[PDB]
Amino acid sequence: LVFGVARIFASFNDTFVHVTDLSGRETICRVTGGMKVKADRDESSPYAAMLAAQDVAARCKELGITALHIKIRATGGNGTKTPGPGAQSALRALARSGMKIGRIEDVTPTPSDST
Amino acid sequence: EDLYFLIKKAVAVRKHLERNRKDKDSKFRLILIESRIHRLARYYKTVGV
Amino acid sequence: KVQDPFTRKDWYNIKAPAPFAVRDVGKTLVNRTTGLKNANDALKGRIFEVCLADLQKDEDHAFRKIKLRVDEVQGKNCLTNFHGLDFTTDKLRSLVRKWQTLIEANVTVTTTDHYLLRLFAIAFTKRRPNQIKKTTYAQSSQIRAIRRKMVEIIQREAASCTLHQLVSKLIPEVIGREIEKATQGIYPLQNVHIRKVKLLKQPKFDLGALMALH
Amino acid sequence: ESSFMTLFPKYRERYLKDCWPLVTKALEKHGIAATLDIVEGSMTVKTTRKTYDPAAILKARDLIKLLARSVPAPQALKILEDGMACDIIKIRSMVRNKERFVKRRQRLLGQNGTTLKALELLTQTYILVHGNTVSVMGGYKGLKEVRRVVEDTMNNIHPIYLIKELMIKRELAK
Amino acid sequence: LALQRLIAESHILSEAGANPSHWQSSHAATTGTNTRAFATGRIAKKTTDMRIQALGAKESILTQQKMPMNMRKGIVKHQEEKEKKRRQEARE
RNA sequence: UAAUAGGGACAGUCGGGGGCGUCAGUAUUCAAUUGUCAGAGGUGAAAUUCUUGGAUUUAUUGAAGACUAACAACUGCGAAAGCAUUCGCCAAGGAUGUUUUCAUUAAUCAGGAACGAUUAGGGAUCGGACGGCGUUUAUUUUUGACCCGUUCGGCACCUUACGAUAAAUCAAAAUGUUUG
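Protein chains in written order, with UniProt numbering: chain L, 25 to 139; chain W, 86 to 134; chain A, 19 to 232; chain S, 36 to 209; chain F, 159 to 250.
Treat the hints with caution; some may be incorrect.
So, partial list: chain L residues that the calculated Cβ filter (under 8 Å) puts toward chain A [unchecked claim]:
hint: 1; residue: 45
hint: 2; residue: 46
hint: 3; residue: 47
hint: 4; residue: 49
hint: 5; residue: 75
hint: 6; residue: 79
hint: 7; residue: 120
hint: 8; residue: 131
Simulated from the structure, these hints should not be mistaken for laboratory data. Each residue gets a CB set at the ideal place from its N, CA and C atoms; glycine is no exception.
Throw the hints in and build the complete structure from the sequences for me.
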C-alpha cells in the first residue's frame, strides 16, 4: 500500500494540484489549471479540476502511486480560507478515479497578526 | 501627618518623570498631585502653619 | 529542456522505530545518489511530517502531527526518529470555546544533551459541574498564577528523562495530566495540550545515539 | 473513521438539539455519521467507508463550522450543493475605532435589513452579520463581490453608492 | 428612482423566489403561492402599492380593514411574539 | 457633634490604565538551496506584468516591517483620543475593610493651563468584605473553582415615569402649565 501526498491550492481564478512524497521534497507531477481547458476566463472551474485531477491521478498511477494524502488550501494570506471551485472537484475526481485514501486533513495558513 | 505622604508621593512622581520625562499621563498624575499641593498648602497655610 | 526524471530518481525506504508501533511509515522517491552532488543534503536534512494515528495504530490520534528529521541512510533503507511535533490546526480551532479562558505559554527548555526544545502549550478553562453561570472567567492575576504553575510544572518535570523517556512521556500525554491535576488546585484547567515542541538544530549527526533509539 | 469536530456554545445547545436529525438525516444521505456531545457539548462528524463523495467531508467540516457560527440549520445545510460555499469576513481589526465601527457595521446592515437584502439580490448570495464577523454563503463570484462590498463599506463608502455600482454592473452584464 | 425601488422593494422581491441561496426565499420559490400560474403580477400589485405609498399614501389596498378583534389581537400578538423571539435570538 | 461630605496611614487585592525593556507567535515582502518545468495571473469584458537563467507552486532556513487573529463579552481599566502575547522593573489609580488621624479642610466655575431627592424593582455583570441547614481540590488542614445569602461601588438593559417638557432626549431635559 504505497501512499503519497496530493496537494491542492485553489484560488478563485486557478487551481493547483501538486503531488509530492510523504515529506514534501520531490515533485512527482504538477499541472496548473491553465494547462487544462485553455479558455482565458474560468481556469478555476470544476471541469478544469476534472482535467487536472484525472490527468495527475491517472498519470501518477502509470507511475504506480496507489494512494495519496491530500492537503487543501486557497490563498490564505489575505484572501479567503475557503478554496474555489477546484478543490471539491479535484478531490472528487482524484477520489472516484481508482485510488484509495484513509484519513483526510487540510492545512490553511492562518495569519495571526495580519492587519 | 498627611502632608508628608503628599510630598513623598509627589516628589516620588517627580523622580519617576525625571527617570522618563515622556510619560505624559503620569505627568497628568503629577499635575493632579501638584494641584493638591497648591490646595492643602494653601488651606493649611491659612490655618496658621 | 526535456529533463524527464524516471531513471535518475529512486524509491528510498523510510521506516518506523520501536515506540512507533507501525513497521513502515514511508517509501520516499527522491533522487539517486551519485558524484557531482552526492545525496546527503538531498538526503538526511529533509524533515518528514506525518500523523501519529497510524504510527501508534490508535486511530483516535488523528491530531498531533510530528516532524521527523531523516537521520539514518542505508542503501534501500531509512530509519527515522523523533524531531518535531505540532498540534493539528483545525483541532486548535475546535477547542476555542467562547465564555472561558484560553491560556498560552511559550517555554524554552534544553535537555541535558543540550537539546534546545521549546514547549508551546495551551490550556483551557473548565466549566465546573453544578454551574448555572454562562461564564467561567479567570482574573488575569489568576491567569498569571496559572502560568507560573505551568512553567513551574514543566520546569519541574523537564530537564531530565531524555528523548526516549521524553517522547515516551509526550505521546500518551503524561504532561497534560500532570498539568491538570497539578494546577487544578488554583483553577480547573481542562483540555491541556502541548501545541508545539521546537527543535531547531540537532547538534550532531552521530549514529550511536540514533541506534540507541533504534 | 475520519473524524472532524467543532465546538458550539450553551445557548446554541437547544437549537442544535432539535435541529439535529434534519442535519444528520441530510448527511446520512451522504453516509457521514455525526453526533452531538451533550455533556461536553461538541459537534462530531466522521466518515465511514461508505462515502461515495469524499468531498462531502469538506462539506461537513464547513457545515458544522457554519453551525457553530449561529447560522440557521437549513441555511447551513445548503452548503451541500455544488456552487454554495461558506466564507467569513473579519472587520473588527479592519477598522480601528469602536463606535465609528459600529456605525459602519450597521451602515452595512441598514434600515430593517433593506440594503443588506438589496446586496443579496444583486449578488445572489446569503449574508449574515454575526458579532464581529460577516458570514456569507453562495457562489464564488458573489463571495468575491461581497468581500469587495464589506471592504469598501468599512473604508467609508456608502452601500447606496455600492448598490448603484453593482446594479450598473448587472446592467452592464449584457 | 429605481434604486429606491430596489432597496425599498427588497423584502418582497426577495420574498418571492429571487435568492436561491437564502433559505426563506428559495423555500418561497416552491412554497406554492409562487408556483401558481399567476405570481409576478401579484407581486407587481404589491410593488405598485408600495410605489403609491412612496408617492404619498397612508393606506394600502392590501390590508383587511375590519376584523373580529380576537383574530386581530391574535395576529398582532403573533407578529410581536415572532419579533420578540427574533430579538432574543439576536443575542447569538 | 465625628458629618449617611474630607485627603492620607494600614491590609488582602484589582485593571487587555501609563512608561522602560525583554519574550515569543503567525502571516507579508526579500534572498539562497533544492524538487522544478508552461503557464502564473489581474479582473465585468481585457491588457500592462513575471516568465527555458523558471515566473506560480512544493519543502527548509535566515533578515526586516507590521500586529498580537481565534478566547473578545448587552464585560473590566482609564476623564479623553484610547487599552490586547509572556515576563521583569518603575510609579501612580480604583474598590473594599480597619479597633486610623490636622478637622473644615467643603461645592460650582470668569482669568489660565496639559493632552488629541427617589423612581422600582426583577433578572443578569463583575470588584471586594462577611457567613454556609454543600460538592471537588484532599493522603486531611489550608486554600481556590462552582452554588447561596447579605453587602457595597460602578458600567448597561427593561418596563413605569416620581415626572417632565422644546420635540426627535430620558431613569434624566424629573424639578419652563399652583415656577423661590
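Now for the hints, and whether the structure bears them out:
1. A hinted interface residue such as residue 45(L) counts as satisfied when its beta carbon comes closer than 8 Å to some beta carbon of chain A; here the least separation is about 5 Å, so the hint holds.
2. The interface hint given for residue 46(L) holds, since its Cβ lies 4 Å from the closest Cβ of chain A, which is under the 8 Å cut-off.
3. The criterion of a C-beta within 8 Å of any C-beta in chain A is met by residue 47(L), whose closest approach is roughly 4 Å, and the hint holds.
4. Here the hint on residue 49(L) is kept, as its CB sits about 5 Å from the closest CB of chain A, short of 8 Å.
5. Interface restraint check for residue 75(L): the shortest CB-CB distance to chain A comes to about 21 Å, outside 8 Å, so the restraint is violated.
6. Interface hint status for residue 79(L): violated, as the beta-carbon distance to the closest one in chain A is roughly 16 Å, over 8 Å.
7. With a cut of 8 Å, the hint placing residue 120(L) at the interface with chain A is violated, because the nearest CB-to-CB distance is about 23 Å.
8. The interface hint given for residue 131(L) holds, since its Cβ lies 6 Å from the closest Cβ of chain A, which is under the 8 Å cut-off.
The structure fails hints 5, 6 and 7 (numbered hints given earlier, in ascending order).
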